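In the block that follows, a single chain appears as structure tokens, in the form deposited without this ligand.
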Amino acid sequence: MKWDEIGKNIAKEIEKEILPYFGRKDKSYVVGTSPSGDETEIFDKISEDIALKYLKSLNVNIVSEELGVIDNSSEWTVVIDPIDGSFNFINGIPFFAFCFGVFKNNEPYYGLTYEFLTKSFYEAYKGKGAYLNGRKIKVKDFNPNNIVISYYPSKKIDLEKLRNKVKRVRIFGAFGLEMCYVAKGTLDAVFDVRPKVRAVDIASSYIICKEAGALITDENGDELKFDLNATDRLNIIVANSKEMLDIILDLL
């Protein structure tokens, strides 16, 4: 059973257990507060549990938004965001996804990202190409007019500066899956200078952007580095290229 066979299973299973919850704002209570502050809706937990029901038997560490960490001493740890974008999901906004990330000794091994309503498996092995349902995806070739980013800026962020250079603005309110929309050349880039995105949100899509050509810098335009934890919020800047990144970095 390969790592994707693992992930893919989990995601499909999760798919069926929780789709009748999409929009159903009346069907979901909160079951508790998680490490990062965020509230765990029952839809959230339920998804993470199916994940836990598979990775439980194996000897591996776990990182997972709701539940937090579960160190098992292995040179293998998985990072799952059981639902990337609980909001959109409960408010019937069709921008959610499942995030599965595997790390051998804190190093990129294989990232799974499943966007439920498209049936789109975004996955990629460390050094082996980033794909889309098989099809070979890669970031987009920059265009100094046709830029199309999605942002989550800070107060100090000059907005008019940005918006004048950007050709199209989108903001789908799920940063992981938005990364993958960079992964395939849809989006030119997507940042978040308002430290919110935790490890568990960007893990699986970290690995895929890498294997697709994205840059994935931090605030000061430096090679983003992070720790495997369901805590600590950080500044990420996934991008299309230098030039793009260039553009971003300054406006901040």
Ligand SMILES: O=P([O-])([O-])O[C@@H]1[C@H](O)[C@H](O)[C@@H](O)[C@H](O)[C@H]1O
Contents of the next structure:
2 protein chains.
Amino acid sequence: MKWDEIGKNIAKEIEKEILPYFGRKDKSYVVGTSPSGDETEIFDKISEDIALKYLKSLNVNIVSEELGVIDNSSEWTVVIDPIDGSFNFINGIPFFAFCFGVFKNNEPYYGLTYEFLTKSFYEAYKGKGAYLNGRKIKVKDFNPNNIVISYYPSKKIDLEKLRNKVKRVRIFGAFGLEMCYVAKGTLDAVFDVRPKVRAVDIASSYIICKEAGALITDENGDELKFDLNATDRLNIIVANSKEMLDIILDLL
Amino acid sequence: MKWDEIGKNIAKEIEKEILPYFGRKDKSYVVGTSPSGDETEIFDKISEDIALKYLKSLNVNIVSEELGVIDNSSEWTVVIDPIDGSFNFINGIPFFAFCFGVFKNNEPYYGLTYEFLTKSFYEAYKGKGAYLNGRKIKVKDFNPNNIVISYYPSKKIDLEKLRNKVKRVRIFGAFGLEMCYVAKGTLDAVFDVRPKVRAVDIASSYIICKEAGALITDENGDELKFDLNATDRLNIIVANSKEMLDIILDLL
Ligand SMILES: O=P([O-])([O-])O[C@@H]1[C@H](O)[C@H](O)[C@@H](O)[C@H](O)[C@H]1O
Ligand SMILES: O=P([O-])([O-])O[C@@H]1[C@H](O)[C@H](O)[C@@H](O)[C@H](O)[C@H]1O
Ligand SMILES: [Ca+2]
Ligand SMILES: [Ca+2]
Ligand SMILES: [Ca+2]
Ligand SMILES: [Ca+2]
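Alternative state: the form solved in complex with this ligand, after the form deposited without this ligand:
Okay, now the whole complex, with that chain kicking things off.
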């Protein structure tokens, strides 16, 4: 079947199985450490294994957080984060999402980011446009008297310059999903020059943001490029306009 | 009918109606100017009117965000924000909350804070302890290597030093519900020294937070005392521990 039908499949199965853990630290506990020297909790495992209970059957290349890279030679590669923003999850902050990115020869083909709590499918086939539960969605027109943003800054930033230059701040702690908010028009931009994000966090939303009219760029301003691997953090900037990108490039 | 029942009952009813406007920024218009001077959107009005219908036949005083003060000269005072987090709400950001606090003799008696999309009832009867959906909650144990905070700084705070002390940041744009985030033990603290919150924003969660064992102070670190008006904003520091408070006072 088609990719959106497979992504949404896995999405909704992870959903039923991991939502009762939502906010219930009493029930979760560490179960391993990820190759990235990170702690894996029981709900991450459960959610990754489900996804893998499906994806292995497709004989493609799966690429995930707590598991690194499984090469099968395919022209196809699934980049997944079964749960983006697990801290929030385990702690009852309602901002997490399933991230599933389909690549055909390392070029974007299909992207899906599912926001469990609000039952929202954000998807885009490469070249086909960006949708939110069947409706097109677009980066919002720039208004410098109405900048709303979310950022992940380094020591290298003048935060007050920033705070001065924008109007609102939101900082949700799930990069993948924040990218989708740039895509749907809520945010003027999100970024992380404090290099922590990785391909498993931005792949699926990459595609979606691009088709949304977004300007995805690196530290410097040229189009962002990335390798598919569970390792490698990367600076990223996801603004809705040349102007917006400026202001942000204007501080780092 | 018990105070907590009135509160819960108005919650579920506002829910019915306003949820359809969630993120549907294409479905709402501005009917006027809350006495102060901000946009009163249609859903603001609707949710308020549903509250006042139940309250009117009670003959208690009412402090409301979009209507200020109604004095029926009763010893009972009900302070409400039908929706805390408008912006998020109509921009489809799932962080907003119904606020309902009951005071007797201008002393805390009961607080409800309803997190709609989570269907989380936060509440405390004054002196009886704070609950979340029936489970007793209590602030987070202090750990200096694991500070998680939310803040709204004045144009004076050392954001640099500030960020250098804490381990995670989140800023959600809903003081009322953010307050219960300390109450329930997710954040070490939230504060607003950019004098913006009003009574309507913190009454219900003031109570809940106190019963959760939080410290609630003003800039000087002196015990917060506030008057029940829908006017004049206040500096507030809700924290989980003295140490947390101090760190926040140092950069104040
Ligand atoms: O780890 P996770 O909770 O699955 O996802 C986290 C989010 O993408 C967050 O935005 C980023 O700053 C962290 O580095 C990630 O770890
Ligand atoms: O307007 P509203 O969304 O009902 O309430 C807002 C929230 O309490 C927010 O935390 C505060 O920073 C704003 O100043 C308030 O106006
Ligand atoms: Ca994850
Ligand atoms: Ca992640
Ligand atoms: Ca309000
Ligand atoms: Ca408010």
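Here the rigid core means the biggest group of C-alpha atoms that line up within 1.5 Å when the two forms are laid on top of each other. Only residues modelled in both forms are compared. Residue numbers count along the first chain shown, from 1.
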item	value
Core-referenced Cα shift (Å), residue 131, between the two forms	0.1
Distance moved by the residue 34 C-alpha between the two forms (core-aligned, Å)	1.0
